[PDB]
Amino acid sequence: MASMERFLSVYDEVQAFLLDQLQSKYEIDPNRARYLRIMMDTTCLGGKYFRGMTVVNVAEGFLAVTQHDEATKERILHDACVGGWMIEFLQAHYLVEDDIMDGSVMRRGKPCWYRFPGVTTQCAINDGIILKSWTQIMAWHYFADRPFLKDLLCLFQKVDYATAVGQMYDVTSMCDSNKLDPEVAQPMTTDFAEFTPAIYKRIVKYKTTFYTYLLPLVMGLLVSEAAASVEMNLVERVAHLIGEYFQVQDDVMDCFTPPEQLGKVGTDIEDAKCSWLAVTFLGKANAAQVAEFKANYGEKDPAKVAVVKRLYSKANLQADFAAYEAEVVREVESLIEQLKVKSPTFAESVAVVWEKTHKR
């Protein structure tokens, strides 16, 4: 059984479980079950399964070096798939809700879920709530008697919370902090004083890294009962680095990747996002370039968006990206080495995570 095959089969099983339970324990009728099946498929499937497959890969590594009965190998791999789906369904939650929050049009060359004719925002908000509730239903069902259940739920819960806090950092990133006030409509920053590397780093760490990198690695350790093979402060450091890198790639592609390939028309400029491009450009621009960026950023007008893209093009941001990439490659290699002291197997899984990130 290829890992991916096992992973995909477990989706089918988990889907059947959740829908069969709705019918037998929550009085659902067949049509509403079908609507939820479609919802689940539409919102959970079609991506790369990077996060969920990380859990599987980490567990697979430990299986190769640890003595177990066959049935135990199976149970561990099944747990790693369930845990991976918990993360994918968490992601699915965040995507449904974020797309609504941001008025997004497309996700993976298909309409965002709320835009489906028979969905609408009124249902989609709640569908997103259900998606995250299913992570917990999965956990309580499949992991009821597992020794790792407490630690898994407690971590999962902190990562979800961090992610929501990250969302708040992201949606408020173009405001002046000192002006935040629920009573007063929020103006866009004029000075862009908060477009700094440390501020950017805080957004990305919370919004993406905890759930995309830390949680899949640590879930893999927890289902393997292997958290003693690592120094958790290192696993955090390496996840922060790789996660930051991931987002900087995504930020560049929002701007420069053709929409057919991206699967999306990128709107970070019109949305006035604190992107790596913006922060990096502000870190090297001259006064006249800074005034021009300010006159044009955060505006729907396509000509103003083209002015911003031009400023970025002539600012030679490809140099800054190569240098940044160089330095991340350097630090990731260093942390992989430190990880080898307690676990070659876990260090190797992080190596694979990094290769898959660095080459995508």
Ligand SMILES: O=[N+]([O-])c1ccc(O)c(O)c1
Contents of the next structure:
Protein chains: 2
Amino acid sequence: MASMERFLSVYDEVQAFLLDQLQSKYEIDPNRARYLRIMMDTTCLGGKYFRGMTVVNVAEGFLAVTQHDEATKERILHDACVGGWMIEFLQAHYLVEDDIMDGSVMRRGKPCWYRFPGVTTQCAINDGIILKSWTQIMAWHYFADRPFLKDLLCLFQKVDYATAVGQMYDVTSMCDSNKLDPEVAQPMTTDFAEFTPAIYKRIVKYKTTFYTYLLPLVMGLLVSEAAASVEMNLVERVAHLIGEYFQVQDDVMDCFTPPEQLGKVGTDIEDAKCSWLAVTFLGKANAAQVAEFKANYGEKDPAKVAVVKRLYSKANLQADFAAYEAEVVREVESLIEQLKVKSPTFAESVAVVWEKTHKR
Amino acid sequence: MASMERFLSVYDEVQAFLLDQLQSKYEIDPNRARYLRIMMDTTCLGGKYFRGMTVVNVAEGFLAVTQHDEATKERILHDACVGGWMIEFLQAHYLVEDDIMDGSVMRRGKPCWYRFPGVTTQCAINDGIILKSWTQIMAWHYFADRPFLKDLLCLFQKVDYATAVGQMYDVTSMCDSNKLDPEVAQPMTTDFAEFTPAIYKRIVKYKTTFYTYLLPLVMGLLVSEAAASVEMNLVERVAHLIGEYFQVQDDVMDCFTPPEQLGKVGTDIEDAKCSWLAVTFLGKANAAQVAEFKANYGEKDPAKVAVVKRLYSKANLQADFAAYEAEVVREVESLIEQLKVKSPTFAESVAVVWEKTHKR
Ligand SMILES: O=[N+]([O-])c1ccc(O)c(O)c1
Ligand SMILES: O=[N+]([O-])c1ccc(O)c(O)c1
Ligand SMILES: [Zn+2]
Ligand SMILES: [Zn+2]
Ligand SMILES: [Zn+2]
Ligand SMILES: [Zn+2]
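Any chance you could show the form deposited with the named molecule bound after that form solved without the named molecule?
Next comes the full complex, and the chain you just saw is listed first.
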């Protein structure tokens, strides 16, 4: 059975289980079951499923080199699909809540969930909470008797926590750290001293690399009972490296990819985000360029946004991206080589992950 | 050591552990650690700790009748305190998010967290997510080697899920179920046909009784390794009965308790909530009273709110409350008697819980 079709079949199965359990154990009525079904479909479906399918692909790699009964192969692949959906539902939680937090308008060419006429923020915040709860409900049901249950739940909650910490790093990245204070309304930085590579790297590491790359890779190992087959420190290093590249590409697209292609209007400049573009620009700018950036960044005024995009264009940041890209290619190939010492199979799965990311 | 002082000492310990771990494993800086410390204190402290202290009191009851080394007594009580704080932090999550969802202004005489000048909704939604994550971080750290870890985490996530489902039941309780639809803006009911005792009971059961009574009672049993000492179906029944009474009292106070005493301005009438008052009023009203209720309920207009409160006053609902109260006293005393068959000690702990609730 083709992997994507298996993955989609398991979505339907998990959805039916969750809604049936709501009827049999939580007294739900058919109309609220329908609302939650539509909520699940709208918030969890329609992406590329890169994260969930990484779990499946990692598990497929180990099946090709490991002796198993056919029923065991089917169990492992089903487990990989359920685990992949746990990650997709975790992402769905964060996208629902982040879109509310950020006042976002569209996602993937459609309105953000909270903007649906019959949803509203009052419902959508709680819908996002339900999405997160569903990750645990499906784990306890499908993995109840599994040897990896404890490790998988512990990993999942650490990654969830890392992601929330990273969200804090992101939403505070345009303020001066020493002025953070719940009692005092937060001004945007004026010196941009905290727009540095190391501070940028911390935001990205926590807000997206743990749930986008580390969690799918390690979940694939766990459902395969293969974690002792790899050097975990290398798994972490390569997950954080590929994940940073993924976010850098996202940052570039926010500014330069046409909205029809991007699926939304990017507002990182108006929002004063600590983006790869801003950090790289400030790392190469002269005094006059820095002053012009300061006079225009973080402002809704379209003329000021246009000034910032021209500064980026004139600074030839596409060439800095090519140099960054070349160094990532070099470092990821090195880590893949090291992963071969203990597992050529897992190294190949990571090579596939990188190629997909690189060619996005 | 007095129970409350132990409980507060464990708060300080858990807080220090969480913040130290953020520094050593999540790359946090001192200013963001300070923000999160203040967030934790502001959102988790200042209530009565009824829920957390129930865990401790249940465990204390079993210690009095069970043979243990002194070090084991100390371990059990420390575990009970950590488990109690898990429940308090879970509540804190829901109060932060519910206050945002509902546009609430005050809680306990102070501004809701999202309204702090240096917080804002953008940060507060994520702060609430962190509060929930902390419940799991503290469980995995303190209970890693404990025999009850699996049962405790499974129970906790079921109760968390029930609570979110109950929040859905609550925030949709003024709409007609058959018209729920993410695509269509939701009108308030005009017939109030779903303002019934059974529908009210479902809201309350899920939105507050699981986390306010069932979870603290069962967590106390789990940390005491005493769950086989009780009839779990009776624990559930008595938790749901006491928890309903607790919410009925809250509903009455929303309407009739002065804001200075209540800690907020109650708006259940303007919000068109399915409250015990509205359900009881509609269960005894004549046609003219029903029509007057319909013409005034769910409206911000203070004159219309005043009409509704007068309808309630003239309907002598205080007497319906006394009758409801008398039946609850009768039913709770019956369940306590049944709990004595297997555990007089646990029955007494439940009797204490009821007395505290009744005399609130
Ligand atoms: O962007 N990609 O290609 C991705 C993103 C996340 C992944 O886990 C992955 O394996 C590929
Ligand atoms: O209101 N009370 O007194 C309460 C509320 C919750 C509890 O778990 C409790 O033991 C007492
Ligand atoms: Zn965001
Ligand atoms: Zn972006
Ligand atoms: Zn509410
Ligand atoms: Zn209330």
